[PDB]
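Note that one protein chain of the assembly has been removed; the remaining protein chains are unaltered in position.
When the chains are written out, they are named A, B, C, D and E in that same order, and each has its own residue count from 1.
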Amino acid sequence: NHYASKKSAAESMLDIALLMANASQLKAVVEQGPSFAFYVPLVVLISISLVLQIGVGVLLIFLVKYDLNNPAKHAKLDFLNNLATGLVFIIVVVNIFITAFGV
Amino acid sequence: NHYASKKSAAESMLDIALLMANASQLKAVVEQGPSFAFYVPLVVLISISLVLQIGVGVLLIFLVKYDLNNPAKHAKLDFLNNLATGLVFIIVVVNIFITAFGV
Amino acid sequence: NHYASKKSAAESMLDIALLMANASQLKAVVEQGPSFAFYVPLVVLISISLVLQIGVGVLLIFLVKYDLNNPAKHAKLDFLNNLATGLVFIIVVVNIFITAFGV
Amino acid sequence: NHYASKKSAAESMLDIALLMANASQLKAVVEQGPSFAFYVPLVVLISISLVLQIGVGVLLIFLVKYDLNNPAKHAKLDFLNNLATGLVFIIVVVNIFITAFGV
Amino acid sequence: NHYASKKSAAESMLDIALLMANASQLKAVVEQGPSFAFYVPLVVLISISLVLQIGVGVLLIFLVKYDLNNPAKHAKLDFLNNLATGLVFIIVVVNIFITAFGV
Partner (left out) sequence: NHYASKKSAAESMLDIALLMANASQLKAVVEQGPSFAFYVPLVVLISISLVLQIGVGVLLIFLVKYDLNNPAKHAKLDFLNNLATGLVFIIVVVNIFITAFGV
């Protein structure tokens, strides 16, 4: 008898992000790096990775909830799917760079 | 009697980017910074600024050339315009940070 | 009961890239090289290899998802397939160069 | 009374490339750099810049000569124009980096 | 349930090139040569050999995929086959020269 949506919202975005493992490691690497010494090339990758994770999450959720809000949008969905897919691919590349602990 | 498009393409994107002044300063700041000493907080801003400049340029050009490619896209144009405008606003904020030569 | 697409997008591009083995080695070679000494001719090959991997991935995904978006595109598909195939062939050549640990 | 096409071909591509000024400077910078000392970050930019100049030139010429070879290609032309424009924009960014004589 | 084409493209060109053994040896010879001493006459042969391998691979793949793209091309196929065959023959001659470890 608890018809709230706070729990609904948190689970909805959490399942739409699913970056907990990705971000969690990103926190350790960006924490260990500066702690050990001054290494510039890795923090940049972390900064970009999280930024793109936000952008893709922003785009994915909106069209995931609905696709008939506008009078007609049938082919443009692929373009947004195309754009989001490219962002994920970039995220994959950078995530591979950082886990190597080097450029 | 030179019906090429190389000149057309370069001018088209150059007028669609118009970041020459923005980027040019970004090059000097990212060059002077590391030259003087190890300062981490500024290079990150430069990295993000150029990244967003690319993203907005990518989005702007496609819909600028045409808007009737899909069967119907009349209200979604605002959403893309909304997204691009937000990116520019972020670019403005970071550009203001870096020109201050501090966090 | 999790109708998300984040997992869908990541798997889609990951299976469309399948460069994890290729890139992973690229990270080690580009890390060991500068670590040992200054060797210019190998890093360039790594830089080009990943660049082309991105370009081919960009082209492959778009037409893989659909091929009837435009009013009619039946013969142009081969041209894009021709272009992507050439990029892969170039990627093969450079990948062979770098694994030789020499020019 | 010289109905050859060698002169036609050379002028056609030369006007389609128009990188003589761009490349010519690229030669001096990539020559002075290694001559002075070992500086890695600049040669990579030169290598990428020329590579993209080739790719865009490859794409531009084919569709510039004709656009009705296939049964119908009216909307895909924009996609190729979109792809080529992005490559030029990348070329602009790197060209700006290298002329700064720094990262 | 993985309807991708990255794997398709890589295998397609790899079976269309089948130079892995040829190139692999080319890497060792071009690596050992300069390592031992300054010997000019062999590297040139390696450079030409790989160049022709690219050219023939470029020509072979396009017409291998299809031969009815144009309104009619029945006799010209032999000319392209003639041209590609000559390139392979040249590749054979140079490959024989280099394996002799001499001019």
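Here is the rule we use: a contact is a pair of C-beta atoms (placed from the backbone, for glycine too) under 8 Å apart; a residue touches a chain by one contact, two chains touch by 3 or more.
When you scan E:14, E:29 or E:43 for touch with the missing chain, the hit is E:43. Check E:24, E:70 or E:81 against the missing chain and you find that the one touching it is E:70. Checked against the hidden chain, the listed residues D:42, D:44, D:50 or D:88 yield one contact partner: D:50. Chain E meets the missing chain through residues 34, 38, 40, 43-44, 47-48, 51, 55, 62, 69-76. Seen across the whole complex, the unshown chain contacts chain D at 2-7, 9-10, 12-14, 17, 20, 23-24, 27-28, 30-31, 34-35, 50, 54, 57-58, 61-62, 65-66, 69.
Here is the rule we go by: only the chains that are shown with their structure count from here on.
The greater number of contacting C-beta pairs, out of the two interfaces A-B and A-C, is seen for A-C.
Think of it this way: of A-B, B-D or C-D, only one pair shares over half of the C-E contact pairs by residue number, and it is B-D. In this assembly, the C-alpha centroid of chain A lies 42 Å from the C-alpha centroid of chain E. Chain centres here are Cα averages; for chain A and chain D they lie 33 Å apart. Taken residue by residue, chain B touches two or more other chains at 34, 69, whereas all remaining positions touch fewer.
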